[PDB]
Each structure stands twice: as C-alpha cells, then as structure tokens.
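Asker: Here is what each chain is made of, one letter per residue.
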Amino acid sequence: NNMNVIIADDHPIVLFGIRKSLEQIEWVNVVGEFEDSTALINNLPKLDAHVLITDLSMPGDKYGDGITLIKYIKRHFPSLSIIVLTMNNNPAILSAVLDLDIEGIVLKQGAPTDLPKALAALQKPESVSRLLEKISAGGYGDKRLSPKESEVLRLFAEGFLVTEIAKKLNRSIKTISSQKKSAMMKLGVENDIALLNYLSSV
Amino acid sequence: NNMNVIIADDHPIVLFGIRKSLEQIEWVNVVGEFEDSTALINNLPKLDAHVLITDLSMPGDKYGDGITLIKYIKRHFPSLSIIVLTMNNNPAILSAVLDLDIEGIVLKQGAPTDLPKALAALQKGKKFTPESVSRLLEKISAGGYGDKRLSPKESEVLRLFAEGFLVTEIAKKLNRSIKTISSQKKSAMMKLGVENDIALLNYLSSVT
DNA sequence: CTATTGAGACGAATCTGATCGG
DNA sequence: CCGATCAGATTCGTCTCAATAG
Ligand code: BEF
Ligand code: BEF
Ligand SMILES: [Mg+2]
Ligand SMILES: [Mg+2]
Numbered sequence: 002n003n004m005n006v007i008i009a010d011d012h013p014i015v016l017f018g019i020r021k022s023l024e025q026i027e028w029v030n031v032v033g034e035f036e037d038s039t040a041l042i043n044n045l046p047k048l049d050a051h052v053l054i055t056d057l058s059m060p061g062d063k064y065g066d067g068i069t070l071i072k073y074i075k076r077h078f079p080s081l082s083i084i085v086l087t088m089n090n091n092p093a094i095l096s097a098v099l100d101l102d103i104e105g106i107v108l109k110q111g112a113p114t115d116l117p118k119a120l121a122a123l124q125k131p132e133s134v135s136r137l138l139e140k141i142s143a144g145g146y147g148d149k150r151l152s153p154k155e156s157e158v159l160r161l162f163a164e165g166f167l168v169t170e171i172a173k174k175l176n177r178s179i180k181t182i183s184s185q186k187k188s189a190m191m192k193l194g195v196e197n198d199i200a201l202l203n204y205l206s207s208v
Numbered sequence: 002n003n004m005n006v007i008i009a010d011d012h013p014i015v016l017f018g019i020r021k022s023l024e025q026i027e028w029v030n031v032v033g034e035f036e037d038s039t040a041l042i043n044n045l046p047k048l049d050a051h052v053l054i055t056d057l058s059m060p061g062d063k064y065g066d067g068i069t070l071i072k073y074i075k076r077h078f079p080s081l082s083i084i085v086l087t088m089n090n091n092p093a094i095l096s097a098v099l100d101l102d103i104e105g106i107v108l109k110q111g112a113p114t115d116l117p118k119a120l121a122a123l124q125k126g127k128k129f130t131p132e133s134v135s136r137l138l139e140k141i142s143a144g145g146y147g148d149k150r151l152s153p154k155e156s157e158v159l160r161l162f163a164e165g166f167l168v169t170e171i172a173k174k175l176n177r178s179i180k181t182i183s184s185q186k187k188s189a190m191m192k193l194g195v196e197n198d199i200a201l202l203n204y205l206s207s208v209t
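Chains as they are written, first to last, in PDB author numbering: chain A, 2 to 125, 131 to 208; chain B, 2 to 209.
Hints are supplied without guarantee of correctness; some may be wrong.
As the list claims (entries may be wrong) - Far from chain B, by Cβ distances over 10 Å, these chain A residues were calculated: (1) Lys21; (2) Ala40; (3) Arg76; (4) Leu81; (5) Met88; (6) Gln110; (7) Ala121; (8) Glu132; (9) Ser142; (10) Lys173; (11) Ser183.
Stated by the list, open to error - Okay, derived cross-link-like pairs now, EDC-like style, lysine to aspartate or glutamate, Cα gap no bigger than 16 Å in a straight line: (12) B/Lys118 / B/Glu24; (13) B/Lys21 / A/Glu24; (14) A/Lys72 / A/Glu104; (15) A/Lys118 / A/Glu104; (16) A/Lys21 / B/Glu104; (17) B/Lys118 / B/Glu139.
Hints are computed from structural coordinates only; laboratory data are not their basis.
Yeah, the Cβ is synthetic: ideal placement off N, Cα and C, and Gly gets one too.
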C-alpha cells in the first residue's frame with residue numbers, strides 16, 4: 002500500500018541522505034523535509050501524512066524536542082505513525098523512549114538498511135524488540151529512567167541549564183532538580199561530571 | 002581535473018549521503034568509507050587519496066576522537082588535505098580544531114551546498130568558512146584580554162573542575178574564597194568561547 | 001590593563017515535607 | 001509504594017561592584 006512520510010532532522014545532509022535512500026522504494030512518497038519542531042508542527046496538518054521520521058536532538062522554541070515532542074505529536078496528531086531516528090546511544094535515554102509505544106526506532110549508528118527494515122514491518131516492529139533485549143542483555147536493566155528523567159538527562163547533556171529546562175518544559179526549577187537528582191540516584195552517580203561520564207559512555 | 006576522496010563518519014546514513022553528494026561532482030572519486038578512527042588509519046597508506054572528509058565525534062579505541070586524531074593524521078599522514086564535517090557547535094572546540102591547518106571546516110547543521118562549496122575551494126585552492134561556522138567564531142573573538150591566554154590560576158581551576166571536584170571544595174582546597182574560584186572559572190570560560198559548564202568540559206576532552 | 005582577589009546582592013540549585021495514582 | 005509535582009529554608013554559585021599591588 003501507499004504511505005506519505007515526513008522527515009524531521011536538524012542536519013540537511015542526513016535529511017537529503019534519507020530522501021535519496023527512499024527514492025529506491027516506489028510505494029514510498031516523501032511529502033516534506035523540516036529542520037525544527039516549529040516547522041514540523043506548523044505544516045503537519047496541511048500535509049496528509051500516515052508516518053513521520055524524526056530525531057531526538059533538534060531545535061524547538063515552542064514544541065520542544067525528544068520525549069517532550071513525541072508525546073505532543075502523539076497528542077495533537079494521533080493519526081500519524083512516528084519513527085524515531087537518534088544519534089544518541091545512551092541506554093537510560095533510550096529506555097524511556099521505548100515506552101512511548103511509537104512505530105519503531107532506527108539508530109543513526111546502525112547499518113543503513115535498518116530504516117528500510119523498519120518501514121517493511123510497519124506496512125503490514132522487530133526494531134523496537136532488539137534494543138529492549140540488547141539494552142537489558144547488556145547489563146543496563148538497572149538503568150530504567152521515567153520519561154521526565156530521560157527528558158532532562160538528554161537536555162542536561164545538550165548543555166541546557168536546570169533553570170532553562172524548567173522554562174522550556176513548563177515546570178519549576180525544583181521539579182526538574184527532583185527528576186534530575188532522582189535520575190543520578192537510579193544510575194549510581196553523585197556529581198554533574200560523573201553523570202556526564204555515564205552519559206558520554208555506555 | 003580529478004582527485005581521490007575518503008569519508009569517515011560513525012553514522013552510515015551520513016556516509017550514504019556524503020558519497021551520494023559527491024556523485025554530483027564528476028571529477029571527484031570516492032575511494033573509502035570508514036566508521037571508526039582504527040580502520041581509517043590502517044587503510045590510509047593502502048589508498049592513494051588527495052583529500053579526507055571526516056567527522057570529529059566518532060568511536061576510537063587505539064587512536065583518539067576529535068582534535069587528538071586530527072593532530073595524529075597531520076603528523077603521520079601529512080600530504081593528505083583534511084576537511085572536518087562535524088555536528089559539533091562549540092566555538093572553543095571549532096577554534097582549537099581550526100588552528101591545525103585543515104583545508105576547510107563544514108558543519109552538519111550547515112546548509113547542504115556547504116560541502117560542495119568547501120570542495121569548490123579545494124578545486125580553486127582556498128577555504129570555505131560558512132555562515133554557520135562564522136556565527137560561532139563571533140563568541141570567542143573579543144578585544145585583546147591577554148590574547149585569549151589562560152592565567153596560571155585559571156588553568157588550575159578548569160583542571161580541578163574537569164577532575165570532577167566542585168567549586169566550593171576548590172575554594173577550601175586552593176587557599177582562598179568561593180568568589181575567587183567562581184571568578185577565575187567564569188573568567189576562563191569567556192576567554193575559550195564557552196558560556197555553560199557542559200561546553201567547558203567537552204573542550205577539556207578534545208585537548209587529551 | 002590585567003590579574004588576583006574579594007564583599008554584598010541575587011540567583012541557581014539541593015534538601016526536606018507535603019499533595020494526589022495505579 | 002512511587003510517580004510527578006511543588007513550597008518552604010538553606011546552601012552553592014554567580015553577579016554587581018570594587019580593592020590590592022604588579
Ligand atoms: F541528533 Be539525533 F539523535 F540523531
Ligand atoms: F557528531 Be559528529 F561530530 F558529527
Ligand atoms: Mg540531532
Ligand atoms: Mg559523530
């Protein structure tokens with residue numbers, strides 16, 4: 002059958018890279034290419050699209066990025082299937098993204114033919135099973151953050167401050183401080199540096 | 002006239018793109034596609050290449066990631082012109098990356114025509130510093146202020162802060178007040194081009 | 001001029017204690 | 001129970017402002 006796909010990446014090289022690879026599949030039609038959440042959300046309605054390809058680390062003055070956005074897309078566009086596609090390889094972040102009950106995750110650091118492997122499944131997941139098994143079978147089942155906790159442990163590595171994260175996600179500095187100091191408690195780290203080391207590696 | 006190109010990026014979707022971006026240029030010939038800095042080095046002598054388009058942030062066990070690697074390649078593989086294509090948006094990093102005699106810097110956040118125009122400079126023998134790059138060059142650049150040279154104490158503060166120590170601890174630890182440590186930490190971030198603490202720590206990862 | 005060093009004012013963050021769900 | 005969410009008090013850290021001599 003015929004699907005209509007939206008591609009939402011902050012890097013136009015990767016964005017051209019995908020559309021180039023989705024020319025090969027006849028029944029696939031790329032009906033747009035956006036480079037921020039505000040652009041994605043503004044022209045989402047105007048386009049009849051069954052499925053969307055998005056990334057985690059993206060700019061968004063309004064609608065935010067990552068889990069904050071995936072829930073917002075799901076909320077104000079439930080009709081639309083969502084394929085996440087992230088450069089991030091941190092089990093703690095990924096752990097919370099998998100609960101969202103999205104159409105699938107293709108990793109940016111996975112072989113190129115995993116994206117075709119995703120759309121093949123969604124037409125008639132498998133992709134969302136592998137990581138969940140691997141993540142758990144890697145000895146990182148003791149690193150199961152909640153959505154909020156990941157959605158800070160991402161933004162805090164992006165470089166956004168706690169005051170800044172509270173203003174962007176419409177909570178208080180202390181609710182974020184809670185979710186943050188909670189996150190490190192779940193990971194087993196004490197000081198900002200040690201957290202960023204358990205975020206840099208995995 | 003024609004050349005020989007290498008591409009090295011951990012994300013094969015980027016690698017798929019970069020390769021397809023140079024199919025548009027008839028006189029360019031793609032002669033390598035590597036993901037890591039271990040594979041890239043082994044096959045460097047085994048191929049006759051005149052240019053490399055490599056990403057800073059990639060996995061490396063034997064050889065480093067970022068500035069440390071570009072310093073090794075400039076040392077061991079000196080004939081080969083390097084263009085850096087990275088998702089990094091850190092003035093301090095990019096700055097220290099720029100001052101290693103690299104043919105040109107392109108960004109992943111930069112427009113798609115940037116890599117063509119960066120090669121168009123290596124076609125007409127010169128560099129392309131895009132809008133997006135120049136925008137970050139503004140941050141670090143000020144008027145004098147020690148010619149952006151860190152002081153003996155400032156250097157000592159960033160070191161400990163990078164070790165994992167807190168600022169109040171360093172105040173007790175280095176014969177002075179919190180004001181002096183904060184002052185000298187904050188002060189030293191203005192010189193390098195960083196603004197937050199996260200941006201500081203990553204610059205003090207590249208210098209390894 | 002800067003460098004090194006601060007004091008007081010103010011923000012930026014952590015620490016209890018409390019308030020409602022499956 | 002713990003999830004998310006906050007309002008006190010209190011500290012960590014920064015900011016405004018300004019002093020030492022080199
Ligand atoms: F920046 Be995304 F995680 F690909
Ligand atoms: F993440 Be890489 F530096 F492009
Ligand atoms: Mg990104
Ligand atoms: Mg990379």
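Asker: All the hints need checking, so say for each whether the structure fits it.
Answerer: Hints, one by one, checked against the model:
no.	hint	result
1	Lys21	5 Å, violated
2	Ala40	14 Å, holds
3	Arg76	28 Å, holds
4	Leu81	22 Å, holds
5	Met88	6 Å, violated
6	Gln110	6 Å, violated
7	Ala121	17 Å, holds
8	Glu132	19 Å, holds
9	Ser142	22 Å, holds
10	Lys173	15 Å, holds
11	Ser183	16 Å, holds
12	B/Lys118 / B/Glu24	15 Å, holds
13	B/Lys21 / A/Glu24	13 Å, holds
14	A/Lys72 / A/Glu104	13 Å, holds
15	A/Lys118 / A/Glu104	12 Å, holds
16	A/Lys21 / B/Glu104	28 Å, violated
17	B/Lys118 / B/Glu139	22 Å, violated
Consistency note: the structure conflicts with the earlier hints numbered 1, 5, 6, 16 and 17.
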